[PDB]
Amino acid sequence: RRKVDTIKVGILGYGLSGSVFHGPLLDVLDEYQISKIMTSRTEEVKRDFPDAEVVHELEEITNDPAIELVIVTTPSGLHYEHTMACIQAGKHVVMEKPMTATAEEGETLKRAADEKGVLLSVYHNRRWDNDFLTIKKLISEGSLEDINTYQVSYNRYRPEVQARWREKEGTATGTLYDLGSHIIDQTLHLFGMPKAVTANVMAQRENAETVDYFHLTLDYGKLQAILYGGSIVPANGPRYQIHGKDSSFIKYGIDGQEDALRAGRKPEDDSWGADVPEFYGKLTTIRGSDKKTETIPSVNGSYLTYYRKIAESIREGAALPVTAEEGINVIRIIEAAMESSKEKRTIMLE
Amino acid sequence: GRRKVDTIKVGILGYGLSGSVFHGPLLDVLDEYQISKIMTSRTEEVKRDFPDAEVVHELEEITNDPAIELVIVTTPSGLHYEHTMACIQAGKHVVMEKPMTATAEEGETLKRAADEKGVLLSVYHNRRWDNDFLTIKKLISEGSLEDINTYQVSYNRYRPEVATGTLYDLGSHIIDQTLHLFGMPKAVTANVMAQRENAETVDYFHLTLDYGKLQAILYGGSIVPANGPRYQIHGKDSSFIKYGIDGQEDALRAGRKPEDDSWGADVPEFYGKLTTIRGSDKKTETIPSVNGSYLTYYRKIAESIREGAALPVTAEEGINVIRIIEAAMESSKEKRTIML
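First to last, the sequence lines map onto chains A and B. Note that full-length UniProt numbering gives residue 120 to position 113 of the first sequence, counting from 1, and the numbers run on in steps of one. The second sequence lines up with residues 7 to 168, 179 to 356 when you count with full-length UniProt numbering.
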């Protein structure tokens, strides 16, 4: 039990994740101090964090006694090496998603972290998207009782195949890992693990080889969760269609916090994470013969909450906002989906 | 050879919902048809709607009548095979209510016998003349939906309280529309189940028809307070998204009959949205629906009988629908994809 200093943070990588999705959040929380960043982008780090030291080798973070938390935002195929070496040096770690290519590697990371007394969490921050927070509130207030169908669609319009290096390079490529993990994580958070996965996973784009289409069925008995996304979709349809015994929630659109971060905006006030009114979800409730329909203002998105929560886990022993086991379960779903599509059969989870 | 064209003399089997509401009123407005006979026990309802038709109780009274040319079979599911096979044996043309039969094997035999005797066999897949689907057909033919990669169709309802169940009953309409647009898929993956408490018949289905690059998703549940779009269609530069249901069956239930150009009109609020992308410009356009037109089905049958024209729906088309259903049922039971 000591003086509560700023948490001393090392960031690995300063590309998109590091510089747009993580750095700007940590910068507004004074729980944190960014001490070091492993990156070649020196001029970029100086502009954003005039007092952070830029370093170039992993050991400069890992072997620095002063650093307590490492954010791992480097390319997919370095995730495991970097995180493991952070764990071994006794640092707490936040990993970008997808956690790893396989459940087994995930298992191994979690085991090392518990052995070494350190905190390991995965940046599944779509639990704090405006739309999802809204679904959760609706659930907790009894407006979506006994869900029987849960359909989530994560479509994009990117019909053109990028460069080989961006397509093929590294572990865990494609939209199932990249986009699917968000909405799979949301599903596990709401419902726990299913009995079975059925899935079609493919590249629809001409000359694509890496995955650009997925359609997952998660079997929870009476409850069906259907998770899907294509890369040739000019307009999306609802992002969520949720049916309960008495009510439905249908909602379009995507959380706007990532766009605000890309634009140079920081969570500076209460208007952060606000949804756009024409994209508010519509709730339909049926009471006997009476059918009503009502537009729900979304709860504000709140990515800050993940890091405020991480600070509480580090400083006060609170439960982590996203655990290692939660991270792993998502990877389990993905591997079962990948095997389902290959074997052309339903894969039981054991 | 060619002779005087008087009315096609029709016999209707059954006079419940199908006969009295879905077929009789259509037939009644068309001068090409005359209803001579109806196998039913609802004498008084027939006397009311068709004052000049003779009512009958057993099937032989229609099948052994040389004057009867066409038989509309609107009896229950399990009676389809027997009644139709009897009509064929008697040299009558037949319109079968959907779903055709329970098994493809049963359908093939009806088809093979219809051909041997020399008569026309059709299945009443009138959802090809639903307003939304006609609107999709038009969009396709004018090239507004090129290179379809994803075709998602939902047919939900809210009935939380309880060839059976919804795959046969509802699924067949949208399976048929899919086959009409795309032909036969390579494979069918499906979950087909009973979601309601104490349910004993299929009330939920989720089908994937695999066409390669193209994926067709056909689904429906029975505990759905609000629907979501009925059609989501995506192609290389455009999507079409539409809500709502064709309102012809409702106008028929209300006792209205096709009489002016306003039959089958959609409600503007449910017109589809067509979205098109040109580089960075995203453009969205509300598409007024083509008027639904169930009459077209019987005008077509008339021309087939009188003029040798192609049937509006062929026996083979109906059998293919059943093939998909049997395949979905097997997929669901076996927990695997079924190759066709």
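Honestly, the hints are just simulated from the structure, not real lab data. Check before you lean on any hint, since a few could be wrong.
To be verified - Partial pick of chain A residues on the chain B-facing surface, computed with a CB cut under 8 Å:
| id | residue |
| --- | --- |
| 1 | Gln169 |
| 2 | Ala170 |
| 3 | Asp253 |
What the hints assert, rightly or not - Not close to chain B: a few residues of chain A, all C-beta gaps over 10 Å, as computed:
| id | residue |
| --- | --- |
| 4 | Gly22 |
| 5 | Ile239 |
| 6 | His250 |
Said to hold, decoys possible - No farther apart than 20 Å at their CA atoms in a straight line, the calculated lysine-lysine pairs in the PhoX-like style are these:
| id | chain 1 | residue 1 | chain 2 | residue 2 |
| --- | --- | --- | --- | --- |
| 7 | A | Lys349 | B | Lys202 |
| 8 | A | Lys351 | B | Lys351 |
| 9 | B | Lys351 | A | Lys289 |
| 10 | B | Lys289 | B | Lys252 |
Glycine included, every Cβ here is placed at the ideal spot set by N, Cα and C.
Cross-check of the supplied hints:
1. At a threshold of 8 Å, the smallest CB-CB gap from A:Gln169 to chain B is about 17 Å, leaving the interface hint violated.
2. Because the smallest distance between the Cβ of A:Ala170 and any Cβ of chain B comes to about 20 Å, over 8 Å, the interface hint for this residue is violated.
3. The interface hint given for A:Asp253 is met, as the beta carbon of that residue sits about 7 Å from the closest beta carbon of chain B, less than 8 Å.
4. Look at A:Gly22: its CB is around 24 Å from the nearest CB on chain B, clear of 10 Å, so calling it non-interface holds up.
5. The claim that A:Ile239 is not at the interface with chain B is violated, since a C-beta of that chain comes within 10 Å of its own (minimum 5 Å).
6. Chain B draws A:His250 into its interface by the beta-carbon criterion, the shortest separation being 5 Å against a cut-off of 10 Å.
7. Taking the CA atoms of A:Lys349 and B:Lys202, the gap is about 16 Å. The hint holds against a cut of 20 Å.
8. As the CA atoms of A:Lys351 and B:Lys351 are separated by approximately 9 Å, the hinted pair is consistent with the 20 Å bound.
9. A C-alpha spacing of about 35 Å is found between B:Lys351 and A:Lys289, which places the hinted pair above 20 Å, so the restraint is violated.
10. Distance restraint check for B:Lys289 and B:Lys252: the Cα-Cα separation of roughly 16 Å lies within the 20 Å cut-off, and the hinted pair is therefore satisfied.
Checked against the numbered hints listed earlier, the structure breaks hints 1, 2, 5, 6 and 9; every other hint is satisfied.
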